[PDB]
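Given next are the chains, with one letter for each unit.
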Amino acid sequence: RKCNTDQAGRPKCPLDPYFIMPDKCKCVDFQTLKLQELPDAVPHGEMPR
Amino acid sequence: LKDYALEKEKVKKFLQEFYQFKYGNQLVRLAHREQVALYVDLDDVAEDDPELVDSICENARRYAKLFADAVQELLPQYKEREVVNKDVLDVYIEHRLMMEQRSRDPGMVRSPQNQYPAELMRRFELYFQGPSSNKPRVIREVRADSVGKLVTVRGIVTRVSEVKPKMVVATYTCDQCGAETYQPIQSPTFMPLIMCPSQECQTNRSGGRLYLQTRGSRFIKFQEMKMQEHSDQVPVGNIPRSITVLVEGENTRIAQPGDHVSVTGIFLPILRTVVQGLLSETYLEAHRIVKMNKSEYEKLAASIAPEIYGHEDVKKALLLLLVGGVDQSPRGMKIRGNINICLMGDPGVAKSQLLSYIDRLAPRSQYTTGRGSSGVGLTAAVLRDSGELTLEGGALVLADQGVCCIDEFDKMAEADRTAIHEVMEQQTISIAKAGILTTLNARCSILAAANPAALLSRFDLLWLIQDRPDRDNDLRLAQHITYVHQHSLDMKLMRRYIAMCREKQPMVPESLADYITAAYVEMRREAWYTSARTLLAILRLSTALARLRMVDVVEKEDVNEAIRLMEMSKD
Amino acid sequence: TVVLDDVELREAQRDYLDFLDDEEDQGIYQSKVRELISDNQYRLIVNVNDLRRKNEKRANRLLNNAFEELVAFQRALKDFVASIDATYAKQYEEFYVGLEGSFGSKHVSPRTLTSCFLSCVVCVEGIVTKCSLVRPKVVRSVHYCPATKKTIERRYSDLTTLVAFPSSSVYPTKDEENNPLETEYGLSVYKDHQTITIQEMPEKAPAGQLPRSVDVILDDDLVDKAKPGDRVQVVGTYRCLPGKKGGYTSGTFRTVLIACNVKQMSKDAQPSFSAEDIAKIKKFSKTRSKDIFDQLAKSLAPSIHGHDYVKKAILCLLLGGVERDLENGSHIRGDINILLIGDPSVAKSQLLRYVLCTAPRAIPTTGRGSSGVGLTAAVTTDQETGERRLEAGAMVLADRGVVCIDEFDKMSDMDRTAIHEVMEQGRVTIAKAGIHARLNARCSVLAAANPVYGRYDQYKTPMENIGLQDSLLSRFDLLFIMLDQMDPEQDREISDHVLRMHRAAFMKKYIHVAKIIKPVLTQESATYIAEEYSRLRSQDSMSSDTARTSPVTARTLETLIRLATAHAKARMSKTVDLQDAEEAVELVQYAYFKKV
Amino acid sequence: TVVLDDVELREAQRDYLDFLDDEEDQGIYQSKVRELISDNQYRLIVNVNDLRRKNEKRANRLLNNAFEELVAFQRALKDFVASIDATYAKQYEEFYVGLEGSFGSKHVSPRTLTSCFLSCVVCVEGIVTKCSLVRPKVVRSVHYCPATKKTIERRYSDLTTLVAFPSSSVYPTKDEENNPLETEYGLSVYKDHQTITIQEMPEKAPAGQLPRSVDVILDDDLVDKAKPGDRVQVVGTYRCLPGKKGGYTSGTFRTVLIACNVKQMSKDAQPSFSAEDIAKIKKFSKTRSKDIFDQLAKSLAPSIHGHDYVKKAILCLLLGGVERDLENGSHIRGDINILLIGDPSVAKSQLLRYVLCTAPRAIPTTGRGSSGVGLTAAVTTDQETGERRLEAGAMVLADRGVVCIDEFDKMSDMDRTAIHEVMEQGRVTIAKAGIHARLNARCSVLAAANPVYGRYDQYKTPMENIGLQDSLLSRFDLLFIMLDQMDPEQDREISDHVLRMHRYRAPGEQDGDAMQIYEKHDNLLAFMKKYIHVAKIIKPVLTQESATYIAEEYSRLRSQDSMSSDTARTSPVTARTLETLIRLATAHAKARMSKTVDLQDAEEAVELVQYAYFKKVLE
DNA sequence: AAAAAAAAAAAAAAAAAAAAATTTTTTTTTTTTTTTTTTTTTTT
DNA sequence: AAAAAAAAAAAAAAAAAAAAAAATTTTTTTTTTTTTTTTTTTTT
Ligand SMILES: Nc1ncnc2c1ncn2[C@@H]1O[C@H](COP(=O)(O)OP(=O)(O)O)[C@@H](O)[C@H]1O
Ligand SMILES: Nc1ncnc2c1ncn2[C@@H]1O[C@H](COP(=O)(O)OP(=O)(O)O)[C@@H](O)[C@H]1O
Ligand SMILES: Nc1ncnc2c1ncn2[C@@H]1O[C@H](COP(=O)(O)OP(=O)(O)O)[C@@H](O)[C@H]1O
Ligand SMILES: [Mg+2]
Ligand SMILES: [Mg+2]
Ligand SMILES: [Zn+2]
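Residue numbers (the deposited numbering), protein chains in the order written: chain 5, 195 to 243; chain F, 3 to 21, 30 to 283, 288 to 310, 333 to 421, 424 to 490, 509 to 544, 554 to 593, 600 to 642; chain B, 4 to 506, 565 to 657; chain 3, 4 to 518, 543 to 552, 566 to 659.
One should not assume that every hint holds.
[What the hints assert, rightly or not] Reference listing, derived: stretches of chain B covered by chain F, where coverage requires no fewer than 3 residues with Cβ under 8 angstroms from a Cβ of chain F: (1) 86-100; (2) 305-315; (3) 323-330; (4) 421-429; (5) 615-624; (6) 647-657.
Note that these hints are calculated values from the structure, not bench results. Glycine included, each C-beta is placed from N, C-alpha and C at the ideal position.
Please take these sequences and the hints and turn them into a complete structure.
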């Protein structure tokens with residue numbers, strides 16, 4: 195929320211000063227799967243969880 | 003600009019190879043830790059490479075870092091034995107590198123900020139001494155343009171703080187892990203730390219809570235000294251400019267208040283923190303300290341101020357004091373070997389000039405006229421400094439061992455007169471004043487001058521100069537001084562002979578006991600003001616004359632010349 | 004953003020480049036730019052009167068708008084010196100201007116300076132009162148990454164009186180990937196920075212009024228231009244300082260004066276040299292040499308009648324002897340000191356004020372006007388940094404000059420005991436606990452005293468008529484007696500001359574060059590002075606009813622040498638001849654012998 | 004915060020200045036610089052194998068960390084092109100560096116563009132999916148204050164990939180005195196900007212899986228180099244994007260591929276020549292110009308036997324006639340169209356696959372695979388602007404190209420009539436209420452129908468035996484009838500040929516595991569593409585003799601007596617047949633590189649039609 | 001010897017400066033669903 | 001061959017996800033200016 199320098203100048207850094215540096219982020223692969231209950235596992239009248 | 007890896011390679015090969031291995035012997039001595047400081051010489055480096063020397067002159071601090079790390083890496087191959095670990099600091103560094111070896115895992119890579127730093131683990135220090143080509147510049151003239159530049163200055167000292175331990179690398183230990191983190195200090199202040207970046211802490215997610223202590227730290231001998239322009243350097247009407255100088259390591263405790271100094275260093279800045291910009295203080299970081307130009333028989337006495345004529349016995353007694361009577365502390369009660377002279381005179385015989393020459397001469401000297409130094413000027417007083427009521431000294435305590443050339447003693451303030459009586463009688467100065475409760479130690483010797509009883513009764517010699525107008529005397533003196541204006554021993558050699566002469570320590574013989582007692586009683590009858604003080608006067612003058620002869624035994628010639636001098640003075 | 008077009012800025016730089024060219028019209032600024040180039044200086048000085056003469060509307064724009072027009076001026080100077088020279092303009096990165104001349108409504112004092120002159124170029128009179136320790140402000144900061152081996156250089160700008168945000172004044176301490184830097188102090192650039200406090204000049208302020216003061220800011224090649232107690236005249240820009248980041252402003256804008264030029268009193272006018280001056284002084288030196296001193300002393304102070312010998316001695320003090328310094332470190336002073344003393348209404352104070360008006364670095368003082376610490380130096384406490392500090396007294400300010408003491412007899416004895424230092428050495432050994440010093444106060448002393456009993460007793464010896472001791476009269480090289488001789492022809496001529504005066566520059570030029578001149582003395586003169594002083598040092602020199610005035614000494618011989626050398630300086634011969642020696646003999650004889 | 008020097012950047016720029024310095028070598032990159040300066044193009048394409056061989060380490064460094072490395076490359080390029088010509092190098096504020104070569108590990112597909120390849124120049128083949136409007140982006144914006152007679156130039160940095168600040172993104176509108184600023188659009192500077200979406204090819208992609216696609220931001224220099232449906236190989240910098248400001252972030256970083264260059268993955272625009280090859284073609288033409296058509300015809304489609312007339316006709320198609328657009332836009336087509344009708348197992352589909360593999364911009368259309376709206380173009384709304392866009396069909400894609408119609412008989416009458424205006428005029432005039440247009444598809448059609456009853460009955464007439472209207476058979480200009488005679492003698496012929504081709508192997512390259544003008548005359552048995573490609577351009581005008589002869593032969597064909605009884609026509613002789621005669625004559629002359637169609641080509645054309653059309657139905 | 005001027009040190013008060021600081025709501029986008037038209041396909 | 005029925009396509013409308021957008025002074029500190037008091041040094 196607040197820059198931590200104590201040396202930004204005679205004035206201070208504004209409120210919420212940080213912008214994410216996109217290039218300097220090291221990232222990974224991720225995947226949102228939609229797993230559905232096993233059809234033989236589902237009880238008779240219910241619906242697949 | 004250049005590449006500082008190349009520069010470091012250059013200076014490494016240089017330090018290994020230049021000359030008897032001139033730098034090699036120094037390197038091996040510090041490797042064994044037979045010296046703690048080192049000194050580069052830009053004359054010795056201009057012996058081969060001038061570009062590197064000019065670069066050092068223009069950006070000296072960086073090359074200081076280069077040289078010191080280069081010697082740090084040259085260290086261990088020069089090391090040849092096991093040093094005895096003379097300090098608990100030695101114990102710490104040895105233990106530190108031992109555990110680094112223990113948990114080394116040499117293939118394993120460690121971060122750019124996980125390592126014992128040089129400024130901590132060096133245990134030696136490296137300074138410089140600027141080249142003869144580098145003219146010492148005026149303290150006023152060392153402006154912003156000369157910030158970072160290598161610069162030598164010549165100035166008088168005004169006041170010097172004591173040796174208090176500046177922090178160099180603070181060491182912190184943790185409450186859970188047990189590692190030891192460093193905060194390398196640079197500036198006048200540091201905010202302490204409270205959290206430990208040790209990787210065990212980063213793995214545990216524990217509260218750091220590290221506690222600073224002095225044990226594992228690295229302090230250093232630090233002084234802030236002041237310096238003042240030379241009165242000859244000063245321009246036509248301005249007061250002399252001052253300067254602050256910072257003294258580190260084996261540069262500490264060289265200069266002392268009142269002694270002329272030549273300091274070689276770099277003019278680096280500190281943060282000032288009301289106009290915008292980024293302002294900054296200026297301190298000169300000393301890197302070589304050399305006192306200079308004041309504190310580095334018949335023909336000799338005539339060499340004492342050749343520009344004055346006559347007063348040959350006066351000059352001989354002045355030479356005698358400058359040698360100094362033998363310092364004695366027998367059976368507790370002190371019989372000090374100081375010689376106190378007063379010159380009462382008709383108006384104008386160059387007595388002030390004699391005092392000024394003695395001021396220029398003696399290794400410690402303070403020439404004080406009537407009221408320029410009064411009260412605290414002669415005594416010692418209190419001043420704000424680490425801010426504190428630092429008690430520092432005036433003229434006499436500055437001249438604690440030397441010669442106070444007091445001019446116009448007749449018209450001094452009565453408190454000044456009382457203090458001078460105290461110092462001539464007991465070489466102390468007791469004070470119980472408003473904010474001072476002390477007994478200063480002032481082992482000074484007094485050269486009073488004045489114009490025409510207590511003076512006679514508290515001294516070793518009083519000399520009345522009455523220039524009774526004698527035509528031939530004045531003719532010869534007139535020819536002499538006119539020749540002086542017409543044409544306009555060396556001082557260093559004179560002072561060298563005196564300096565060696567100070568330390569022969571004669572002891573009086575038994576053969577002269579009858580002679581001295583007989584001469585004492587005979588002088589008393591010839592008087593009938601003389602007393603035990605005059606006995607001590609003849610006796611001190613005898614000891615000092617033996618010193619001038621350099622023999623360790625006083626003889627009849629010495630006492631004869633002493634009585635000659637005193638007879639001439641009284642008459 | 005970057006400006007592509009600006010009618011104001013473009014025409015400003017065009018007009019400036021045109022004005023500063025000046026080669027086709029009398030070469031004033033061509034000569035000045037060539038001079039600062041050769042002398043290696045980069046702050047030009049510009050006559051605003053000439054600027055008004057050439058382009059008056061530009062002048063009004065400059066005065067009524069300071070920062071914009073000055074930025075345009077300094078950049079035009081940059082381009083102009085770039086044209087005349089390449090490597091020099093590359094070496095020096097920004098070329099300042101300072102302003103000078105007559106500033107009609109804007110030539111003010113710190114009292115009359117209201118807010119009407121904000122952002123404008125004022126010319127403020129008045130003394131200096133404060134002088135801050137000179138400090139470097141960082142302007143181009145170089146850093147080196149130890150890990151990356153790359154060097155960067157952050158820059159800054161003179162945001163002294165403009166809007167300033169934290170981004171401009173950040174100073175690097177970390178690399179873009181958290182690899183802490185090492186600053187390269189030597190490779191960086193710096194600008195010294197000082198702040199003085201002008202005050203309205205103490206006489207010119209209306210009486211019974213607490214004085215008005217204005218702060219002044221100084222930068223490169225202006226810091227050590229004026230110490231405290233300087234009768235300065237600062238030309239500069241009057242502006243407002245922004246109270247830093249607010250959220251509530253009272254609207255009270257503090258103000259400063261960013262100095263674009265600094266000058267002292269014009270009297271110290273050593274450079275006033277020209278073809279006519281050298282021609283006329285060479286004529287004076289060559290066509291006549293046997294009566295230079297006589298003619299010059301005669302025309303010295305034309306208002307006061309007579310005093311031929313005393314005025315000759317005044318000229319001896321004014322020219323001075325020659326300071327003879329020795330290889331051993333001894334120093335035999337070259338400056339004469341004089342004590343006028345005489346009956347009331349013998350123009351003693353008028354001779355003093357004459358010296359005060361004419362000579363360079365001439366300081367008045369009256370008997371109990373200055374008491375000790377005023378006359379010699381003093382040692383005060385800073386009271387902010389705790390240290391001591393030296394305050395230069397009148398004598399110290401008068402170093403290499405003159406001090407004129409009026410009512411010297413009524414001056415307290417303590418002051419004379421204080422000046423026992425200066426009257427032979429020229430040095431004051433002031434000292435207190437935290438600071439010892441030895442201040443060059445090498446300056447002549449002219450003094451005026453009335454005798455004891457109010458008026459000189461004609462029928463008593465001078466030792467009884469003077470309330471001063473042998474010591475003090477010996478410290479004074481010269482003592483002079485003046486008595487109102489009431490003879491008829493004397494009263495006729497003195498009153499006639501006084502009424503006549505009731506109904565120079567070449568001298569000012571002559572005095573300082575003669576002071577520069579350093580003659581040397583001959584062996585003929587040497588033998589002559591030796592035997593003359595030997596003649597004097599004898600009871601046979603004096604006689605009954607003609608008592609001496611001062612205790613004759615080796616000081617008397619030495620000051621005879623100084624007198625002879627002074628007469629040589631008058632003659633420009635560089636050779637103290639028997640003429641000078643004889644003249645000094647006559648002078649010392651008349652000054653030292655008086656009848657009873 | 005200007006950097007004084009960086010060893011990395013200085014080293015890289017020196018290395019690439021050396022790489023561009025090509026005089027001691029053959030001069031390849033110097034020649035590339037000189038030609039691009041002459042072209043006014045401002046991108047230079049550097050082969051990664053060249054970079055790797057000259058300095059493998061720099062190739063590794065660049066293919067691992069692109070943007071700053073290519074900044075070094077482009078600064079070196081600017082310095083180099085300034086040394087060649089400072090005046091031109093001053094012209095453009097930047098010059099750019101395209102890539103090419105064997106991106107060995109750096110060749111993946113959008114299914115396999117994992118999060119390992121960030122800031123690495125990845126190579127990726129795929130099909131476009133979208134084509135966003137190519138709209139300007141402001142780079143250097145100039146303003147004018149009329150109150151103060153002032154001008155300003157705000158400057159913008161292309162931080163499409165890095166962190167971007169509002170102070171950088173300000174567009175000024177008022178001065179310090181709150182005056183009004185008027186933008187100077189012309190004096191400002193802009194660069195085009197387009198987004199597209201590459202997709203994993205369905206021929207390459209996994210069979211049962213959803214598509215996967217990657218976003219590609221084409222700035223200037225690459226505006227219209229990729230439309231939807233095209234095959235394109237994109238090489239460029241996969242990176243991350245900055246989320247707009249806000250105190251919160253989820254970790255999500257929607258990623259793009261800022262393409263460094265994009266090339267046509269079809270690899271069928273291939274005129275790659277050398278001067279020696281040009282001379283080879285020239286001699287091949289001129290030495291034996293009169294027999295060259297038969298040389299080409301016998302040559303074309305090896306690995307098949309006989310059908311020499313059909314090979315001649317497919318040559319007439321591929322070489323093409325000559326389109327004619329007269330004074331008022333009466334556009335008379337210049338394409339051949341062939342209908343193979345014949346028994347099964349007559350290599351008709353093999354001829355189709357041959358022309359698919361050889362002819363540039365050839366595309367297959369099945370009977371009920373493609374259908375109408377797929378075949379010709381379509382009109383559909385956007386749904387992001389409610390505006391009617393046009394979706395180019397198979398034929399429109401095949402404009403100035405070939406379409407191979409498998410099982411033409413099975414296209415229903417709706418599509419068989421939808422092909423009419425493309426067959427004749429080579430255009431599709433489509434329209435719905437919002438938008439209308441005349442998409443241009445100057446296509447050529449080789450169509451392999453199969454006979455009614457599943458096999459030709461010899462005694463039945465061709466019109467009875469073909470299930471196709473005389474209406475369409477007019478529009479087709481040649482109909483070739485391919486019967487399986489079933490005689491043992493020609494069976495021996497075809498069989499020996501076929502089994503020889505079953506015995507032919509990759510020469511030397513294989514061991515036993517399964518997967543120049545003239546040819547080295549392998550007993551068991566490229567320049568075709570080169571020569572036919574150059575042949576297409578020539579416009580050999582008809583001579584007076586050829587025009588009179590072709591006219592009279594057409595009149596003879598129209599007259600019923602020219603066909604004897606017991607023969608049955610296969611296609612009625614409308615005037616389309618005369619235009620067929622002219623087009624086939626032009627195609628033969630183009631084979632000869634004649635520059636004039638002569639009586640030789642005319643009589644070859646008349647021979648072609650006489651064999652093709654009139655069939656001998658037997659009793 | 002007493003008076004007084006100056007010095008340093010200590011304290012009060014007014015002006016300027018320093019510092020502290022996430023949550024709720026709205027809008028684009030994507031994705032399906034539904035209606036109705038158009039198209040295609042099967043029947044007599 | 002044309003009519004009837006069904007299937008698919010095109011286009012408009014709705015529901016949720018997740019990234020964007022907007023609002024937003026007051027109290028404490030502390031330096032500096034001013035005054036005051038006790039003392040020492042100096043003068044009458
Ligand atoms: N023999 C000599 N050599 C040098 N200077 C001399 C000599 N005799 C007299 N003087 C002069 O006498 C002057 C007065 O001397 P000074 O030191 O003031 O004596 P005091 O101060 O005791 O009266 C000096 O300026 C000095 O030059
Ligand atoms: N020799 C003289 N010639 C002309 N005026 C004189 C002379 N002596 C004294 N005066 C006059 O006396 C007046 C005051 O004299 P002043 O300098 O005050 O002497 P003092 O200091 O003894 O009072 C002046 O106006 C001055 O002109
Ligand atoms: N003229 C021919 N020459 C050589 N082989 C042929 C010929 N016609 C047919 N064949 C063989 O018969 C097979 C028929 O395949 P294909 O062409 O796909 O079916 P169709 O001929 O019915 O279109 C081919 O694989 C080919 O090997
Ligand atoms: Mg003396
Ligand atoms: Mg008077
Ligand atoms: Zn820890």
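Evaluation of the provided hints:
Coverage of the segment 86-100 of chain B by chain F is violated in this model, with 0 residues showing a Cβ closer than 8 angstroms to a Cβ of that chain against a need of three. Here's how the segment 305-315 of chain B fares: 0 of its residues keep a CB closer than 8 angstroms to some CB of chain F, so the rule of at least three is not met and the hint is violated. Only residues whose C-beta sits within less than 8 angstroms of a C-beta in chain F count toward coverage, and the segment 323-330 of chain B has 4 of them, enough to reach three; the restraint holds. Three residues within the 8 angstroms Cβ limit are the bar, and the segment 421-429 of chain B against chain F gives 5, so the coverage statement holds.
Check on the segment 615-624 of chain B: 5 of its residues sit with their Cβ under 8 angstroms from a Cβ of chain F, so the three-residue criterion for coverage holds. With a cut-off of 8 angstroms between beta carbons, the segment 647-657 of chain B has 0 residues touching chain F; three or more are needed, and the interface restraint is violated.
Checked against the numbered hints given earlier, this structure breaks hints 1, 2, 6; the rest are met.
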